[PDB]
Amino acid sequence: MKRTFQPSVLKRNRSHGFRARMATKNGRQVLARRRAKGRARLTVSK
Amino acid sequence: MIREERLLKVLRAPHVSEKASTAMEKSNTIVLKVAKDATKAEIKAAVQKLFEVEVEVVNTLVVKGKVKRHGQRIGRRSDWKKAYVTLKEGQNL
Amino acid sequence: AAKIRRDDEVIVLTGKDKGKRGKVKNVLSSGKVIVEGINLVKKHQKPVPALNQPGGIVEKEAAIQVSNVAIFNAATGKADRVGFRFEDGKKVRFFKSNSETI
Amino acid sequence: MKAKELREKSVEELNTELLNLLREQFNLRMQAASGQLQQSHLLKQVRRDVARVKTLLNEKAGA
Amino acid sequence: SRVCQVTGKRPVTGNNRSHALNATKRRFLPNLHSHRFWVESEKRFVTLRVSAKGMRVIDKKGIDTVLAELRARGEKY
RNA sequence: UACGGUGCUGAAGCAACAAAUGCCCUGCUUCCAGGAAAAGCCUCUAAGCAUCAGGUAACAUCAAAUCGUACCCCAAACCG
RNA sequence: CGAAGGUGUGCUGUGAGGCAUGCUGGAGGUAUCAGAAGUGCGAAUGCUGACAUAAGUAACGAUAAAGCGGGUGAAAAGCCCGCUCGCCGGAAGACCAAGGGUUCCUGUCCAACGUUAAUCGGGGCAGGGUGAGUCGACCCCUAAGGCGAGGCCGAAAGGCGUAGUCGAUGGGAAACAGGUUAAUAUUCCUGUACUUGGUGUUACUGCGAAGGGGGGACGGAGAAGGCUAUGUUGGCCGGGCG
RNA sequence: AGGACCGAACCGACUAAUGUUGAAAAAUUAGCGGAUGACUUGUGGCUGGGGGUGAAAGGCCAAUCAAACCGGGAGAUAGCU
RNA sequence: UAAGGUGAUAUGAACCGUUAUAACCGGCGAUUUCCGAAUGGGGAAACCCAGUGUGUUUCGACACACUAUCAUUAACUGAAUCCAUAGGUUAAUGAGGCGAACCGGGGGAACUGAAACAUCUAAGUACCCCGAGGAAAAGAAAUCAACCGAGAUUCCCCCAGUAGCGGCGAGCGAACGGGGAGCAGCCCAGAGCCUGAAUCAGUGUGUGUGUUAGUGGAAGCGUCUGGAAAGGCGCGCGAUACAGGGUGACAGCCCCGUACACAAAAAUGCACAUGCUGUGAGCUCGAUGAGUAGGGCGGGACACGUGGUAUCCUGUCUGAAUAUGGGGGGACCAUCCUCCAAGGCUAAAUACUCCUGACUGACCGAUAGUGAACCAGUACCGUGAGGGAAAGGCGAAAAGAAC
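For the protein sequence lines, the chains are p, g, h, l and k, in the order given.
Take 1 as the starting number for the first sequence in the entry's author numbering and just add one per residue.
Take 1 as the starting number for the second sequence in the entry's author numbering and just add one per residue.
Take 2 as the starting number for the third sequence in the entry's author numbering and just add one per residue.
Take 1 as the starting number for the fourth sequence in the entry's author numbering and just add one per residue.
Take 2 as the starting number for the fifth sequence in the entry's author numbering and just add one per residue.
Worth flagging that the hints you see were computed from the coordinates, not collected in a lab.
Each hint can be trusted.
Just a few of them, taken from the derived set where beta-carbon distance is under 8 angstroms, the chain l residues facing chain g:
#1 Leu18
#2 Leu21
#3 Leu22
#4 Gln25
#5 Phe26
#6 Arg29
#7 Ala33
#8 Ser34
For each residue, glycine too, the CB sits at the ideal point set by N, CA and C.
Using the sequences and the hints given, assemble the complete structure.
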């Protein structure tokens, strides 16, 4: 059956990637919480 | 021209294997590990000027590093670059 | 600086070798020393198929603590504590109890 | 060798620069990775010696 | 934004109260109009977004003094 | 012939018929529901440059960098 | 000359408890009298770990199907080789994109992984392996759409949007046959090619744009005609006469 | 010609049986409907929570939907167990 | 500082050093790839693609530097239009982003409580956003008080759960006045006399002290048990040092230290002194903050829910007097008292701990204490925001088991 995760790298990055978190106020606050929690990978880039 | 300070840092090791060996003893090509940011003009110039031979053409691939592990600790090795340096008819090394 | 140091002759104060004199072979940055003929352990090691294969039970010296030795006076013939004085801008060690520079 | 490099001219540290890289450094990378070169400490001392020549060369040139 | 360029009147907040006193949030807005003011010393029309008492204070202080205040506080006209 | 193969040599190499959903075909006929854009490409000149620069043609010579390239891919390698 | 702790025994108090001591343990314990409490668990479909129970029970994942000989091995229904048998064959073959990321190939090991055994493996360990002017990306151009100098707007954050700038799933230059590696190949080698730019020489010469025109430039259905891939048969050639 | 007819790919899901600690958190097998169209599909894009989208079922919005998920107010409150 | 070193798992190999250019520690420098505000354009972060200028004795290719936007200032240009403005180009200076809490401001819930609920509460809390500093804010009476007086702001203890506000329910809750911490006042609206007169600010220098490496640092032996002694027994010594940690069991005297006494080539923080620059003292006279105070309507803040409601703030409409004047004194009037708004600056007491050092605990001791004693915000889960583990201890010494 066709499950929910149908992967695509270009949609992974355009959607949840770094240049797209940095592109706005609230994604920069996301990166700030991931750095502050101290996190090995911030976004999902590769 | 390429400066000689750049041109010394490019070639890194001769690559020893059996594909390399049959490339030397069968098709004049010496195979050698180069700098990761080394272009084909740099490798050609560096073999022209550091082994004093005449290079016909260079073919460069980039080899991806293998994820090994020690114990239960993984790690990728490291990517390197391998240059197939096709020499002319007059060569030794 | 360091009181017990490299080419120096010491006596052993505590354990298994109490009262045995000997010369310091080397001195390890753990705060230990290897002194010759003193703390002999009977290692037995495998004959590795590389370069030469001794096998057997090799009797080595082990590292004893620096605080378990004190340097041998030989003018009194007993153990003696060490101080540091300045002589002609040289920080020298000296024996306590007769105050002699080593 | 730190005052010894300090007392030459810019041209002469460029000469011993290119000879540290040329003669020493490259031939020991090629010699090291081809099974030869028992003496591995030479790699270290050559590398640090190129660091000295580039340091004195930056200090001599201008500021 | 709805700021008078002369008096600096933002919209403020408040309550609709009702006869049962039910508090609701509202905004009081300034009476902002975009009026075109002749300046004689420059011989030009400078158009401003004034309140309807920014026009009172322009009628009293004069347009030149007001423009000197806007140029003074970095308000660009 | 380390029987795994490795080299050497090597004849004929045509015709008839059938034939696509591929090609001519971005065609042709027709139908309303009336069927992307912009560059490369070809041309026209304006400002300018005009015995220079540029254009065209032939010849020679140099360059064409960088990254991907394994392997699975209707699946024991992807999503489950 | 042996603490706490652990595990027995004996004595003792109305009880919660106390005391002595054998063995294990191997370095801490604490009277008395006061002081403070994370101060006492059998229950909360309590939380965490361990271990039972059913129980050596159901199951071992398409009813495409195996049989034998030989090899390796400590051991072979399963691995390798051979001969037979069966299954798919518009797929259960072959080539990719997406996605994965070394699973590829070779040697070596059988602990765990493999619903069994395993000498085998997509498992462990080590080494090797991915070669481009022509394939694809990058690149030039754009669609939907994004972002957006100024700008218009908005308590602030910010919304929208012009110029622009990005954005393929579309438009734009060029390579084919044969051979080769254990593992790459339109990339390596052999042969034969083609494309676009730079520079130089020579001959002729009006060239020149974020500007004008053409072109690119593009629907559904249907119908034949001409072909080819491909196949079948004959001829030819080599082999067989069972 | 045709929201034309029969019928594979392709899309679907009418019946039955199995399965129901499954081979599978919705399938398999045997039949079944559409199959040039209001079709189907790939790649990208856009719409967002009292909001979207809806040939409308309160359906769908990441195995979640009469108001998603995450985090916080927050140890809500619980005359009840 | 130094006789030993080349960081750890983690041994090796190859070496460096031993009286000073091994190594280690500190000050100041040098280098500091790529991404990231990312800033030359773009982008799917760690990649793609440039332009301009300078230079390159093989300049058919390389190397270096600059090129973001915005604000301010200046220069040169420059439309519709003549002058001119808009605009354009270049240069100089500044900004941009991150960060735990504290602080000010712009917005701002609901669950809950009221034994229902709507006013009210929760609560100007949570949260979102802007801005700033080492603190911020406030602040030098148009303030109280009360016919006596006090004398800016901030913080603490009372006042006082008081007066009051309150579906007069639930609840909310002052001030006056008192005691303390700390204490500091000034400038512009404006001319003349007069000048550098105190004042601070920016810098140099000198002194003092502190930080960033360090140095010296007392005093014990015998015997018994024991694997081992620091323990038992016996006899000594130190102490401005018996804080603590290690050492083969429990060490003042074995080791590192502690008390104590010293140390800086260099870079710095603070405090005096001093040089220069800027800045202005002080005197006389004058002025003494207008769409403002107040008002009407709507709303908010004041403990005060519009009530008899003073006071403050203002979205809207208006609108004075201006020292023979005006504000307040809790509706309001008169008398009396007090103060001078419509301009601004100002230390200390105060709040907080991302971070560093030292010390302390009737705090925890591996199901506790951080989620995390261990390569933990990891493995793993989720498209994503996000969620989020388990896992310490051989021995004194690997002597970690030759054969």
